[PDB]
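Let's look at subunit A:
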Amino acid sequence: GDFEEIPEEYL
Partner candidate 1 sequence: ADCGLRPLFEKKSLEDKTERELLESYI
Partner candidate 2 sequence: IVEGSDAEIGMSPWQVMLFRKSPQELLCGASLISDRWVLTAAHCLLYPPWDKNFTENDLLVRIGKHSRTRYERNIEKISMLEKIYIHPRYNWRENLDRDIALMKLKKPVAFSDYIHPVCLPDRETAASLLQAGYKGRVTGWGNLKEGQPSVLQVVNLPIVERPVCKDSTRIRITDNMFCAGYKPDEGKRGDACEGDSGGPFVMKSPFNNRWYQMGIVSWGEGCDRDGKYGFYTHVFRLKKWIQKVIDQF
């Protein structure tokens, strides 16, 4: 849930 979005680069 409540997680800050990570850099799209790591996905």
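Note that in this section a residue touches a chain if its C-beta (ideal position, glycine included) is under 8 Å from a C-beta of that chain, and two chains touch if they have at least 3 such contacts; residues count from 1.
The candidate set was assembled so that all candidates are chains of the complex that A comes from, given by their letters.
**Student:** So which of these touches subunit A in the complex, 1 or 2?
**Tutor:** By the stated definition of touch, the match is candidate 2.
**Student:** Under the stated contact criterion, what part of subunit A meets candidate 2 in this complex?
**Tutor:** Touch residues, subunit A against candidate 2: 1-7, 10-11.
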